[PDB]
Amino acid sequence: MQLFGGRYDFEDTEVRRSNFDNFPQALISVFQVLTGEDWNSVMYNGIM
Amino acid sequence: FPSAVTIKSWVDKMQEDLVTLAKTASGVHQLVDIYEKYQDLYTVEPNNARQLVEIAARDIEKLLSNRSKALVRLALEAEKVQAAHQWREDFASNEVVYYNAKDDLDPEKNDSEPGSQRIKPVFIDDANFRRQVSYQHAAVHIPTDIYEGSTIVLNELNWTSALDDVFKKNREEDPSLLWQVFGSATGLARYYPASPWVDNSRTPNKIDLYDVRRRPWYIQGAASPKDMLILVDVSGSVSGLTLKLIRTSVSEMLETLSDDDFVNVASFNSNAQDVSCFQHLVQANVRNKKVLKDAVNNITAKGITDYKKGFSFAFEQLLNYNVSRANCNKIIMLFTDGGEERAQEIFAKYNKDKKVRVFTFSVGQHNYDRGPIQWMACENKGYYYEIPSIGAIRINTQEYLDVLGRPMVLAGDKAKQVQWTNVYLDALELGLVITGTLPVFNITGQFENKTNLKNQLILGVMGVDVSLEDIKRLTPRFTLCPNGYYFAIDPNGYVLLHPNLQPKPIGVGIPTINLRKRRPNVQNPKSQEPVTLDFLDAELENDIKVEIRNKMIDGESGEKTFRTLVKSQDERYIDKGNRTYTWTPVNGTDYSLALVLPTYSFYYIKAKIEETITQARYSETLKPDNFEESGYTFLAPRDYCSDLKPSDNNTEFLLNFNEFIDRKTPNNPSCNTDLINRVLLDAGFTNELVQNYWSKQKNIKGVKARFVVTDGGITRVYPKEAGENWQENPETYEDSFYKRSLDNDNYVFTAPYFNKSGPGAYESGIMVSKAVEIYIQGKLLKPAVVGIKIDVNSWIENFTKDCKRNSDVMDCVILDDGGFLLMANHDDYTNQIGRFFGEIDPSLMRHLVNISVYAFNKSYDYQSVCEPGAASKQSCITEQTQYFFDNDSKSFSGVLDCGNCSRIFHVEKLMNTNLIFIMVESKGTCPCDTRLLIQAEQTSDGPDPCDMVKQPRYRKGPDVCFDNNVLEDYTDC
Ligand SMILES: *[C@@H]1O[C@H](CO)[C@@H](O[C@@H]2O[C@H](CO)[C@@H](O[C@@H]3O[C@H](CO)[C@@H](O)[C@H](O)[C@H]3NC(C)=O)[C@H](O)[C@H]2NC(C)=O)[C@H](O)[C@H]1NC(C)=O
Ligand SMILES: *[C@@H]1O[C@H](CO)[C@@H](O[C@@H]2O[C@H](CO)[C@@H](O[C@@H]3O[C@H](CO)[C@@H](O)[C@H](O)[C@@H]3O)[C@H](O)[C@H]2NC(C)=O)[C@H](O)[C@H]1NC(C)=O
Ligand SMILES: *[C@@H]1O[C@H](CO)[C@@H](O[C@@H]2O[C@H](CO)[C@@H](O[C@@H]3O[C@H](CO)[C@@H](O)[C@H](O)[C@@H]3O)[C@H](O)[C@H]2NC(C)=O)[C@H](O)[C@H]1NC(C)=O
Ligand SMILES: *[C@@H]1O[C@H](CO)[C@@H](O[C@@H]2O[C@H](CO)[C@@H](O)[C@H](O)[C@H]2NC(C)=O)[C@H](O)[C@H]1NC(C)=O
Ligand SMILES: *[C@@H]1O[C@H](CO)[C@@H](O[C@@H]2O[C@H](CO)[C@@H](O)[C@H](O)[C@H]2NC(C)=O)[C@H](O)[C@H]1NC(C)=O
Ligand SMILES: *[C@@H]1O[C@H](CO)[C@@H](O[C@@H]2O[C@H](CO)[C@@H](O)[C@H](O)[C@H]2NC(C)=O)[C@H](O)[C@H]1NC(C)=O
Ligand SMILES: *[C@@H]1O[C@H](CO)[C@@H](O)[C@H](O)[C@H]1NC(C)=O
Ligand SMILES: *[C@@H]1O[C@H](CO)[C@@H](O)[C@H](O)[C@H]1NC(C)=O
Ligand SMILES: *[C@@H]1O[C@H](CO)[C@@H](O)[C@H](O)[C@H]1NC(C)=O
Ligand SMILES: *[C@@H]1O[C@H](CO)[C@@H](O)[C@H](O)[C@H]1NC(C)=O
Ligand SMILES: *[C@@H]1O[C@H](CO)[C@@H](O)[C@H](O)[C@H]1NC(C)=O
Ligand SMILES: *[C@@H]1O[C@H](CO)[C@@H](O)[C@H](O)[C@H]1NC(C)=O
Ligand SMILES: [Ca+2]
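Chains A and F, in that order, are what the protein sequence lines are.
Counting from 1, position 30 in the first sequence corresponds to residue 607 in PDB author numbering; the numbering is continuous, with no gaps.
Using PDB author numbering, the letters of the second sequence correspond one by one to residues 27 to 121, 124 to 619, 621 to 830, 843 to 912, 973 to 1074.
If we strip away everything but chain A, and leave its shape as in the complex, we get:
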């Protein structure tokens, strides 16, 4: 939340559900990365 919270302001219409905008969504994203499923997409979103 500190790092990627509120920084997903991309001008395109692509939807990125796995973000860190609030605590429940950050928890869901962290759990998803923990399971290892599609964590590289979250990493790419954080990088961009």
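Hints listed in this document are in silico derivations from the structure and should not be mistaken for laboratory results.
Be aware that one or more of the hints could be misleading.
Here are some of the chain F residues that sit facing chain A, going by a computed Cβ distance under 8 Å [said to hold, decoys possible]:
no.	residue
1	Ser267
2	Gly268
3	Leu269
4	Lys272
Label-pair distances were calculated between CB atoms; the ranges are [unchecked claim]:
no.	chain 1	residue 1	chain 2	residue 2	range
5	F	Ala118	A	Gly582	51 to 59 Å
6	A	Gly582	F	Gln556	19 to 27 Å
7	F	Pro553	A	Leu580	39 to 47 Å
8	A	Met578	F	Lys137	40 to 48 Å
9	F	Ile541	A	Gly582	49 to 57 Å
10	A	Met578	F	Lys974	33 to 41 Å
11	A	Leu580	F	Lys974	49 to 57 Å
12	F	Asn299	A	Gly582	19 to 27 Å
13	F	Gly399	A	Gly582	20 to 28 Å
14	F	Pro553	A	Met578	56 to 64 Å
Ideal Cβ positions, reconstructed from N, Cα and C, are used throughout, including at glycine.
For chain A, the structure is supplied; the task is to place chain F with the ligands on it using the hints.
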């Protein structure tokens, strides 16, 4: 250097030779004599500039009243029929039968859409419609993204089927009716006669974007003028998708405004400010809207939201009253995502009486609270909208006109006044049209006042199109001089009628394209703006012209005679001539009609030929068989009658004219007798001139061609071999040299074009023409213009025989007014003949402009074809320059210096001619050059728009409009 007297002797000899050659070759005196020799085959009739304008205004008022009568009929029938609707929900059993536009015409399509049945029309070809139309029913247009077959749509098609009878009744009452359409509030458009849509849904690779709710006529007839202030949130939270969506939505809503609405865009992020250089409400025309769009598509999201400051700024700018305003509908458009403050105290301070509507828009997908903005919406008598994606922008940025129409509905029959739109291009490719509009109200349970919930909204807008060509038929011009014309004005400055008004859309700014971001299969939108050209932008603006325009905007009748600058038809020359402006208002409408009549045009020649044999001889003079005897003959493609039509091909048009006039008698049961009689009389006169005088000297040394151009539309070029070198319009009223010779009182030399394909420099020669002036009973008349084409080589031998061929010491050239080259001395400038002198000798031309031997002034062309730059053809603004003589003095002398040089020059003006003689030092003596002086259409972006808003042109908006009704419920958001 030669003395002044020697140069005077040279120029006197040259001008005497040229004038004698032109006079004895063209034969002005002979034509004047034979015009004065008869005085019995015609009569001189006055041109009363007062009565003509009154007659034309009465005709225009009668036409518009006829169009308006067909509007109230349709509106009343639609209201009555919809009042008796049942709103059934089961359409599968009872199919709705209609002809859907933009559908495949192949009968084997087997659509079989549930609840509906299609129609296959015949689509015969028709006049007054350059399409295929069917008079048996009406066509229905449904927007592509609106699904036909819905309960709402099918119900509309059910009760709108009763409009076909009234459509047919209106058409049979007046067979000249163009498109008459019902624009439904549900998106439907039913128009008569039936005709296939220009753009199918997906049959070609192109698609269509046409919603009747966004058309200018629908918007005009759906509500009153607005004082809109768009408020944009640019705080940090709107960063990302929602900011781009907000920008697109603001542009789309700006596209819904007209010239009667006033708008300004402001942004707030902890501080409120304007987005452009306007700082207050502006007229919201094409230029101002372009500026606002450009400013809007530059905002960035940064900071903390503050609704109080933004709303204070919006209210203060809505309370200005210092500037021009619509003064009708003060509304605020708030674009944001979400918030937590509602700014109750700001609304209590600024909008306690609730005179300002607040429309709130929640844009994008977000988790922010939307309650406060809904409270703002349906607290200040407004509405609340949501725009989650691009697909919702168009639908949600046009719905606010439903709320604005509630007081107009509650007014009742006081609001059913027919309004006429600005000039725009018809969507069905009919040309420049204006549309009369009339709202249609929902009256369900009117006698009992049962529901009154949805009845506050309109059913739709009536519409009838009137082509600008119909109005031109009511203002005939062939009894006037080619310099005379009619023109009409809005109470906004825009011209309904003008010779300089063209079907091209109005260009704004400079066109820039990015070809690297253009997919080849996208079908980008083309245009939707109207053709709004001001009176001052259609002619050369003048101080007296501004006074006349202001006087005739506010319904006054008057007359003025003055001296003004007149631009030639080809934008190369400017002339000085007397003109008389006579204007009167049109009672039925807010239009004002004026007639511009120069001197020497108060009288015209009316043919009085009443002998069959004389008419037969005059008709057989203009036959292709004896073009070797009477010269090559051209005929103006005028509308003599509907039996024969113009074809833009003079040979076949002349053949059809001859065959029609020889087949049936000239008794003309349904043909215009005056035009044919004038044509025959002038053809006979020109044939007599050719046979009696021109044929005596078959070949002349210095003359390459001889031509005579008269009124009525008769043009003769004596050598048939020179007939193929004639590149002028067969219509004599569109000949630039004809009008220039009419204005001038001497011989006019027309410079040939440059960088143009076809023989136009040497094989044709320089053209000099003079206007024929006759005196019948002390009345000045200029019926014809004659002239010759002189050989360039013969003129070269004249000129050279100091000033010697290819001289390295002295340069001697001849120019006409306008700065174009007609004679040289070095056989280098001679090849580049007809060029502006500033493009071959910029220093001398600039100095000539400085010493005031050449005058110039600039103007803007708002309908031009432009090549799009990098940041096929697009429309923009081109700046035009034309040079002319200003000083009456004949001789100038001086020395020009450029980098420690000294070149002695002595320019001399040839008497009784628009020519000038220049004798200057060779350019090779001092190799100095700063920059070329270009006289050509240059792509331009001016004038500066947010400098004209401070001192705008005079305007007179509508006086009656409806808002703030007490009976409005306003319980929706
Ligand atoms: C510039 O070119 C001109 C033609 O391109 C030459 O014009 C010719 O000049 C002749 C002598 O001045 C004229 O002869 C005279 O013609 C008139 C009527 O045309 C007669 O009344 C005169 O009697 C006759 N002169 C004599 C001695 O008989 C030619 O008519 C005239 N050409 C035309 C078409 O009018 C100029 O001469 C030439 N400039 C110079 C300096 O030579
Ligand atoms: C909208 O659609 C409805 C349904 O198709 C149309 O109503 C139909 O109107 C016709 C004309 O009156 C009716 O025909 C008549 O029926 C009566 C018996 O009901 C018969 O005695 C008459 O001789 C005549 O045949 C038809 O019944 C009626 N349909 C229904 C279901 O009621 C309506 O006209 C359409 N709207 C418009 C504006 O056309
Ligand atoms: C013009 O105004 C009248 C009333 O002022 C509108 O009539 C109303 O139309 C609505 C639909 O928009 C009807 O509601 C529907 O009723 C059916 C039952 O028949 C129900 O099953 C539907 O779910 C829906 O609720 C309403 O009954 C009807 N009222 C009356 C008195 O007719 C009319 O629609 C307006 N015209 C247009 C073009 O919108
Ligand atoms: C435009 O609005 C301004 C609002 O400030 C007007 O200026 C004020 O006018 C009142 C009336 O006399 C004065 O008492 C104030 O001192 C003025 N303020 C300023 C800052 O000048 C102005 O009169 C209005 N009209 C025009 C044409 O500017
Ligand atoms: C329609 O326009 C014409 C323009 O000529 C008006 O005609 C004149 O209007 C003035 C203005 O009051 C009158 O003093 C004249 O007597 C009118 N002329 C004639 C011959 O009557 C006419 O008044 C306009 N129609 C209406 C209803 O105002
Ligand atoms: C069109 O050209 C005329 C030149 O005749 C311009 O009129 C001159 O304008 C200057 C600058 O104001 C004055 O000093 C001259 O006295 C004017 N001349 C005359 C004869 O009045 C005119 O301004 C030009 N129009 C435009 C729109 O540029
Ligand atoms: C207006 O209508 C009347 C009767 O319908 C007709 O006589 C007249 O010619 C029409 N005028 C125009 C300009 O169409
Ligand atoms: C224009 O009118 C004035 C005043 O009558 C006159 O002196 C002048 O010669 C006229 N100009 C032309 C070209 O007729
Ligand atoms: C235009 O004319 C010039 C003559 O100065 C020539 O050099 C050039 O090729 C021409 N261009 C075109 C497109 O005809
Ligand atoms: C050229 O024009 C400028 C601007 O009017 C003027 O100051 C200057 O004196 C002019 N030069 C000559 C040689 O006329
Ligand atoms: C023509 O020019 C001369 C000198 O260049 C000047 O004295 C005279 O006033 C000018 N004529 C006008 C301005 O009408
Ligand atoms: C004009 O003056 C400059 C600067 O002194 C000099 O370089 C130049 O040569 C001079 N012009 C000529 C033609 O000599
Ligand atoms: Ca915010």
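Tested hints:
no. : hint                                : in the structure
1   : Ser267                              : 4 Å, holds
2   : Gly268                              : 3 Å, holds
3   : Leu269                              : 6 Å, holds
4   : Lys272                              : 5 Å, holds
5   : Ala118(F) <-> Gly582(A): 51 to 59 Å : 54 Å, holds
6   : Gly582(A) <-> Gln556(F): 19 to 27 Å : 43 Å, violated
7   : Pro553(F) <-> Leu580(A): 39 to 47 Å : 42 Å, holds
8   : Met578(A) <-> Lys137(F): 40 to 48 Å : 58 Å, violated
9   : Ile541(F) <-> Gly582(A): 49 to 57 Å : 40 Å, violated
10  : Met578(A) <-> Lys974(F): 33 to 41 Å : 54 Å, violated
11  : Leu580(A) <-> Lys974(F): 49 to 57 Å : 52 Å, holds
12  : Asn299(F) <-> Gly582(A): 19 to 27 Å : 26 Å, holds
13  : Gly399(F) <-> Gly582(A): 20 to 28 Å : 24 Å, holds
14  : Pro553(F) <-> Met578(A): 56 to 64 Å : 42 Å, violated
The structure is inconsistent with the numbered hints 6, 8, 9, 10 and 14, although it conforms to all the rest.
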